[PDB]
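What follows is an incomplete set of chains from the complex, kept in their original frame.
The letters A and B name the chains in turn, as written, and every chain counts its residues from 1.
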Amino acid sequence: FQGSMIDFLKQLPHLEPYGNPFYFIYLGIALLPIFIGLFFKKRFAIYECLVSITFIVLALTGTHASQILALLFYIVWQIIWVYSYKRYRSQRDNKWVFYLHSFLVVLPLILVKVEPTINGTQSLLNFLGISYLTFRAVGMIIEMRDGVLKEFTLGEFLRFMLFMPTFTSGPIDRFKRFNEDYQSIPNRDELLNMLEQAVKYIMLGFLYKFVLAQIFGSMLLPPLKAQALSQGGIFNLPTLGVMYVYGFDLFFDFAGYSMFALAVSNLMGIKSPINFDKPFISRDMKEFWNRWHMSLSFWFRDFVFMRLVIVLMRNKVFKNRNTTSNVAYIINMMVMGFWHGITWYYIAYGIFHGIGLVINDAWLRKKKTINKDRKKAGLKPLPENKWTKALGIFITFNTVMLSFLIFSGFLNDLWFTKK
Amino acid sequence: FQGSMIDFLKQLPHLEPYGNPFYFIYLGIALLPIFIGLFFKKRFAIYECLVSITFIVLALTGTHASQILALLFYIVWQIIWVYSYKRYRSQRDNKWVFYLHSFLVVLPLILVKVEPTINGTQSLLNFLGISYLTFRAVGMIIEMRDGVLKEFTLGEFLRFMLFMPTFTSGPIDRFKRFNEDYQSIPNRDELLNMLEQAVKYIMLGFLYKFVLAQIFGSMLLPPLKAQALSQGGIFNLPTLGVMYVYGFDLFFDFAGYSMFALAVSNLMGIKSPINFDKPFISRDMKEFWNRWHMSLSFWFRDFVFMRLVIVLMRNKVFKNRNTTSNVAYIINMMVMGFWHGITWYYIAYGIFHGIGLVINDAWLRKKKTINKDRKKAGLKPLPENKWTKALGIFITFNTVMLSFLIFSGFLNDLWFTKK
């Protein structure tokens, strides 16, 4: 019973997901039949299960091919703890059973995030897309608590959780929407619109990830980091340069990936949620989070923020609504900080964005009451000309870039602050 | 530039039939046109012949490239002795002429299976698929003898015998079914169903041959063989491990090949006979042989067993039907053992399966008699609960695995008897 299985895995091809442009040749041909079927309102179940698995495995057979075994564990784990809840949801419905099942479904993510904190080495049950997979898994469990979801076969569950395009780090979806958009193949005109948008997304992804992302990440970021470290100190102008360059590099690389993922999803007939919709023209933090990482932000708003507000109002822990809203903002953003990894700078990012949202809500209330004061006194309301818009965009852009510097992790390198 | 023809043949590319997964890329592309042409009612004869010859030659080259010549001679031999009988078939059917023609059709296989035993290593005319091509040749001399075949062209004959997806060691076929199947191209929906089933077969063959066959073949079997040899003796627990692991490895590897062959055959518009339909769950040995290697077992039942029973009843040599059935069982299984190869363990395998079949038949007769005895005595008949079925399945599974241990030739290493 020799254990050379790991070395067997570290031999397969390693076609990187959305790596070289030539990838979109292979994938394109691999997606040529499926799309054709949609034109005849015919869906090939087995062929999709073949292409999705082949490309997932090709994406996961890298230097750390062992993660495949972890994946083959993870899936099984979810099948154990989703279906279990379904059985329970047929008969009884208690808060503590739902909480336990949510915790047990999200436990692999908790282990992957916490193990480096304790051991210092990556956990065994960690693979490429786990952070963006439990979101689907636990998502389904939440839908069973509300009663929205009642029946689903294993084929639907596994084709939803393991969606090929949005697997590595892609838009976070929901089961209800994905299933409803999977059942009803769009008519020919909508399918043609989807094909045109997919080609446009592929071209823009080429531009974003292979040109602008490369310029901002492999040409300016390393020398800027080196100069900032060499000058040293608490802060310096090269740190401002690296902050802005990293913000733009992060945005362009992630937008390129998201455009690729949405294009490949459209080629399969499913419209995955968008990720970025002009995030930098946002003139406010609350308007920013409706532009930046749309899928993740909306997921945390629907399932972690709204539910917490409902829980807090159920027990009326806080008297006024504003205090409860601020507390929910802080807790939601802190949980979003943990999700990235339990280090010092991710928690700082979460607390910083939570404080930003609370400050923005307070300023909205103060602006409203100041407008009331000026209107009652007969004076004109506060200006809303181009200058106020420019000031708001400038403040939002600066705060967002500060957040992307803190999230960058460069603040460890600049000053070795352990905690 | 050439030297000897054998060296030039060795220089040619070698593609193991269903070896690395990339093989299915080649075939896929090579079968991309033909299958599309199947949707309409047209077939590309030249393209099919060229691709079939290409892949047969690629599978035949390598270290044993000289066998290609052994193929060509073989083909001519069949064309000499099939067509000859055709002419004779139009005049009269004398039994001895039919026997002579069948013998001369199977003569290359007789030489291949009898040459290494006498003094040599391998006969010259031996090549890769001769074991599973004689069945497609002597399957015509019989069909003419019964008159179900009267007219056919050389194109049909050499397109049926040299079927590319079923050449090396594949599902044995019959001429009448194959020809009548290739004449009538299926409809559009049937073709889509066949494509979906072909993709399912490809995936399941991947699992059966590149994972499970690898696990049971090169991970457990060599260490278990080493432990069994080191412990020595008549038998040991490592020998039992070898038995079970080799049986599962044989089933998984062969079912992987057979699913690959059925998939590639479906991609060319022909549904080749299925080899395995859930073995290891057979209650009886008689039910086992309707599930394990279905194509060959059915071939021997139709053309070796039933004909033997008909011959024995024609001369009424034996007193009753039961004796004829038992003798036919023994002789048919001995002929199967001979077909595998003239060694002590193959003949032991054939005799073992024959004794199993006759004992199963005797047990069925005795059970029917005792059920009649209980019915006439008023007692409730013998139980048929889940426990009895489980016991029957367990007994059949153990007997089959013992037969596969004998067929493995491992007992030759473990005992060195009859060396």
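Convention: a residue touches a chain if its C-beta (ideal position, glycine included) is under 8 Å from a C-beta of that chain, and two chains touch if they have at least 3 such contacts.
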{"item": "Copy number across the full structure, from 2 displayed chains", "value": "4"}
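We adopt the following convention: only the chains that are shown with their structure count from here on.
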{"item": "Angle, in degrees to the nearest 5, of the Cα rotation that carries chain A onto chain B", "value": "100"}
{"item": "Distance from the mean Cα position of chain B to that of chain A, given in whole angstrom", "value": "53"}
{"item": "In the complex, chain B residues that touch chain A", "value": "192, 195-197, 199-200, 202-203, 214, 219-220, 223"}
{"item": "Touching residues on chain A, where the partner in the complex is chain B", "value": "1-2, 4-5, 8, 42, 44-47, 49-50, 53"}
